[PDB]
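Visitor: These are the residues of each chain, in order.
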Amino acid sequence: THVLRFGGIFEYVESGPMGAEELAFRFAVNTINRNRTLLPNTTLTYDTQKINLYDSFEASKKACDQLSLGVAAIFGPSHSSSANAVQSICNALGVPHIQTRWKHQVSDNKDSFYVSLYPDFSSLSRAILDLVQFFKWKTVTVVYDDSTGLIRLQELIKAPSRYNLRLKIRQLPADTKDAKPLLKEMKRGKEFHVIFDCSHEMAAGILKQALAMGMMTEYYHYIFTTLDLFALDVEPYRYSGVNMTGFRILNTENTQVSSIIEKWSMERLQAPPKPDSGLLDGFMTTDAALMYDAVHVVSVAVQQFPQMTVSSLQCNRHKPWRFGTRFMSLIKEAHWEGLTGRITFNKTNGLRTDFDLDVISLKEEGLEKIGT
Amino acid sequence: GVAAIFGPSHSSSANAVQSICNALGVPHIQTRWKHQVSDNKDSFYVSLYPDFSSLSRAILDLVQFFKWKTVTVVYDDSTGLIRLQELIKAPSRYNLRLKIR
Amino acid sequence: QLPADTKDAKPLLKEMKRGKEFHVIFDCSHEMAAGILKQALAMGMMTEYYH
Ligand SMILES: *[C@@H]1O[C@H](CO)[C@@H](O[C@@H]2O[C@H](CO)[C@@H](O[C@@H]3O[C@H](CO[C@H]4O[C@H](CO)[C@@H](O)[C@H](O)[C@@H]4O)[C@@H](O)[C@H](O[C@H]4O[C@H](CO)[C@@H](O)[C@H](O)[C@@H]4O)[C@@H]3O)[C@H](O)[C@H]2NC(C)=O)[C@H](O)[C@H]1NC(C)=O
Ligand SMILES: *[C@@H]1O[C@H](CO)[C@@H](O[C@@H]2O[C@H](CO)[C@@H](O)[C@H](O)[C@H]2NC(C)=O)[C@H](O)[C@H]1NC(C)=O
Ligand SMILES: *[C@@H]1O[C@H](CO)[C@@H](O[C@@H]2O[C@H](CO)[C@@H](O)[C@H](O)[C@H]2NC(C)=O)[C@H](O)[C@H]1NC(C)=O
Ligand SMILES: *[C@@H]1O[C@H](CO)[C@@H](O)[C@H](O)[C@H]1NC(C)=O
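Chains as they are written, first to last, in the deposited numbering: chain B, 33 to 404; chain A, 102 to 202; chain D, 203 to 253.
For the record, the hints were derived by calculation from the structure and aren't laboratory data.
Backbone N, C-alpha and C fix where the C-beta goes; we use that ideal spot for every residue, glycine too.
Accuracy of the hints is not assured; some may be wrong.
[What the hints assert, rightly or not] List time: in silico DSBU-like cross-link candidates among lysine-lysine, alpha-carbon distance up to 35 Å:
(1) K190(A) - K190(B)
(2) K93(B) - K364(B)
(3) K142(A) - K212(B)
(4) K240(B) - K306(B)
[Said to hold, decoys possible] Some chain A residues flagged as far from chain B (calculated, every beta-carbon gap over 12 Å):
(5) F107
(6) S112
(7) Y150
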């Protein structure tokens with residue numbers, strides 16, 4: 033009648049409540065319900081459960097609990113261990129499974145009811161590979177942190193088979209934040225061009241230890257992979273003369289979009305985020321930005337189909353959801369220029385391989401856009 | 102009611118049944134290599150297939166007894182690049198020139 | 203000469219970095235020597251080329 037119900041599975045915080053991706057999902061449902069102009073007949077409710085992100089069975093419990101309670105979509109357990117579990121819950125039951133962060137798609141996965149609003153690393157990799165040729169390099173050094181990130185950079189590893197690069201691949205130590213044994217080698221090894229593959233939490237920690245090593249002269253050039261380089265405290269580095277270069281998807285250029293981020297920080301007012309870390313405060317990460325888009329993309333789909341009755345499904349009984357294929361194809365065919373530019377999926381797999389990045393770089397006047 | 106589960110033998114479903122066996126306590130004896138995620142906090146699993154952290158140095162020893170200076174690693178699926186970590190990272194410490202296809 | 207009023211000697215050190223001067227014989231008190239040595243780090247003028 034006037035109610036639809038989205039699911040939700042998030043990490044269980046203990047110290048400091050309501051973590052980062054949970055706020056993005058709550059702020060999105062409240063926004064669409066408030067601004068009545070979009071979707072003007074039904075009100076969205078939510079059933080966010082909280083698990084550990086490294087338990088593929090605690091995820092499978094809370095997935096069937098939301099299926100028994102009755103939902104219309106599950107917005108991702110957001111980690112490669114339990115994402116593959118809840119995806120195959122949603123395939124047998126028929127319910128869509130909107131992911132929000134990249135995982136390893138196995139090449140023979142025969143599932144269909146999933147979309148991935150995080151940009152594919154089959155397209156980010158060629159965006160980096162284009163950017164190591166506009167700068168005309170012949171010797172790079174890919175540094176990653178966990179072993180899954182080597183699958184993230186396939187097209188950059190396979191690149192010296194067709195171009196003139198000379199790859200040298202290193203790995204950060206897994207346990208500590210002390211990568212000074214690594215950087216002493218790279219300073220001595222004459223490697224001035226680095227393509228770091230880290231999260232922005234670990235990218236700030238290397239960028240402080242690359243300053244204490246004196247490896248931040250005007251001879252170096254760091255390309256970061258993460259789409260959160262705009263949220264770095266780059267003020268200790270802006271005068272030195274380095275050229276950090278990264279991509280950026282979250283459109284700050286639009287006034288209608290940057291109004292949301294200004295309205296984001298007022299609920300983020302209760303956050304002293306320990307400013308001795310290296311992260312700017314009051315900025316919304318790109319992982320929370322995609323969850324705010326993922327609610328609106330499905331909200332476009334329910335607008336184009338008012339015949340949804342949220343039924344309750346059993347797991348132990350095997351029966352697909354009767355509005356499955358009708359509602360899933362509307363999600364794969366959608367457009368919504370929300371926070372992160374154009375959201376349009378790919379009809380073959382269901383991923384996102386068509387997006388609009390902004391190449392950002394470091395200058396003395398801050399961290400500025402130099403291309404698209 | 103069993104005492105052990107002898108592996109679903111593939112990287113998609115091995116990670117599922119491993120985390121079934123961790124919460125239930127039952128051992129999970131694997132029999133073929135998968136991608137161990139570096140932050141997996143499970144304990145009830147053994148892997149009788151030899152690790153590719155040790156096969157990789159066995160290959161890297163064998164490309165030096167033959168005294169090579171130019172190799173060409175060819176793999177088939179993308180998981181196999183994680184299989185050969187220590188051979189890709191090798192020209193940072195030796196005199197090889199890797200070309201990966 | 204350092205500016206007399208401020209502790210901001212970044213207009214000075216931008217010239218010395220650009221002027222290729224790698225050898226400096228600073229005459230300061232240790233209160234002001236610590237303040238220049240922090241601003242010589244934010245300018246990136248503390249590589250292994252300087253003395
Ligand atoms: C849905 O998703 C699928 C993925 O499965 C998309 O398919 C991919 O589409 C991209 C489009 O960019 C294809 O990219 C193309 O591949 C080239 C690779 O070079 C090969 O071929 C040349 C010449 O034959 C050889 O020399 C070489 O050795 C390789 O064998 C790339 O060079 C091109 O992409 C990029 O080119 C340059 C990079 O330097 C830049 O201009 C751009 O970054 C450009 O993107 C070329 O476009 C890719 O092969 C497809 N298949 C995959 C990944 O398996 C679908 O397109 C998508 N559907 C949509 C969007 O509707
Ligand atoms: C509430 O929704 C309405 C209807 O969309 C918004 O009005 C326009 O929204 C579109 C995109 O949704 C913008 O491109 C237009 O610029 C908006 N028109 C204006 C600003 O006159 C409205 O902006 C939404 N409310 C808020 C607070 O953003
Ligand atoms: C790498 O470093 C500099 C330092 O940020 C980049 O910026 C230029 O800095 C010089 C200082 O001598 C200014 O005169 C230029 O105007 C700056 N560039 C622009 C576009 O404003 C510089 O762009 C980078 N150079 C290379 C070759 O990568
Ligand atoms: C649904 O919303 C539209 C808005 O244009 C309205 O015209 C229509 O009457 C609504 N349907 C109802 C209230 O059943």
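Visitor: State for each hint whether it applies.
Guide: We went through each hint and held it up to the structure:
1. For the suggested pair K190(A) and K190(B), the alpha carbons sit about 14 Å apart, so the restraint of at most 35 Å is met.
2. Of the supplied pair hints, the one linking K93(B) and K364(B) holds, its CA atoms being roughly 27 Å apart against a limit of 35 Å.
3. For a cut-off of 35 Å, the pair hint linking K142(A) to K212(B) stands: about 27 Å separates their Cα positions.
4. Our distance criterion of 35 Å between C-alpha atoms is met by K240(B) and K306(B), whose separation comes to about 16 Å.
5. Every beta carbon of chain B lies more than 12 Å from that of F107(A), the smallest distance being close to 19 Å; the non-interface claim holds.
6. Non-interface status of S112(A) relative to chain B is broken: a Cβ of that chain comes within 12 Å, the nearest being about 7 Å off.
7. Residue placement check: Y150(A) keeps its beta carbon more than 12 Å from all beta carbons of chain B (closest about 17 Å).
Going down the numbered hints, you'll see the structure goes against just number 6.
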